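With the hints as extra help, turn the sequences into a complete structure.
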Amino acid sequence: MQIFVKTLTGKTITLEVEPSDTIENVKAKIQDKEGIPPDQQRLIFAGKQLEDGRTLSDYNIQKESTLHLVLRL
Amino acid sequence: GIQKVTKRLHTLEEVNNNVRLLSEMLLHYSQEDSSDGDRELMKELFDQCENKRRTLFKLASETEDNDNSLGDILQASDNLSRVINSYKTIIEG
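As given, the protein sequences belong to chains U and H, one line each in that order.
So for the first sequence, the authors' numbering puts the first residue at 1; every next one is plus one.
FYI, in the authors' numbering the residues of the second sequence are -1, 208 to 299.
Careful, some of the hints might be misleading.
[To be verified] Some chain H residues close to chain U (C-beta under 7 Å, calculated; not the full set):
1) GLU220
2) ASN223
3) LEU227
4) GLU230
5) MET231
6) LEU233
7) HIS234
8) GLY243
9) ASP244
10) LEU247
Everything labelled a hint here was simulated from the structure, so no lab data went into it.
Ideal Cβ positions, reconstructed from N, Cα and C, are used throughout, including at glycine.
So this is what it looks like as structure tokens:
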């Protein structure tokens, strides 16, 4: 499955994940593209943040669904 | 003149962006129903919101009888404010 991750600055990174993929990897997956340590990421789908011990099927993320990435300075 | 038009729209995208992601979190925001990082983030998006709204004032303050530019600058600022007060309430309620 293919999802997106729009940030505030503008960068619209495009990812490859499994509907029931853990946010743990999702992040390191973004990390593998943009190089941003996970311990400094923040995903937001439907006005809500996405904890680590969960997946995508836990937040229900269709194919080609957009996620918001913000950085915790 | 060249890409100063983009560098512009680029700041606008950022403004509307937040105004978007903040009112999104407010919508799914309930007292008991919500986490610590969930809301706190909002309150953080909130801080950065007051700022850009402030920047939009600086770019305003540097415009002489210019069409759109101001209209567009003041418009975004206007949602920024709307969302700022919006947040104020929703969080306090």
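We went through each hint and held it up to the structure:
1. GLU220: Since chain U brings a Cβ to about 6 Å from H/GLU220, closer than 7 Å, the hint holds.
2. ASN223: holds, 5 Å
3. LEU227: The hint holds - H/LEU227 has a Cβ within 7 Å of chain U, the shortest such distance being about 5 Å.
4. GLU230: holds, 4 Å
5. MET231: holds, 4 Å
6. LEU233: holds, 5 Å
7. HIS234: Nearest chain U Cβ about 4 Å off; hint holds.
8. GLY243: Holds, because the Cβ-Cβ distance from H/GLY243 to chain U comes to roughly 5 Å (cut-off 7 Å).
9. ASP244: holds, 5 Å
10. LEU247: holds, 6 Å
When the structure is compared with the earlier hints, no violation turns up for any of them.
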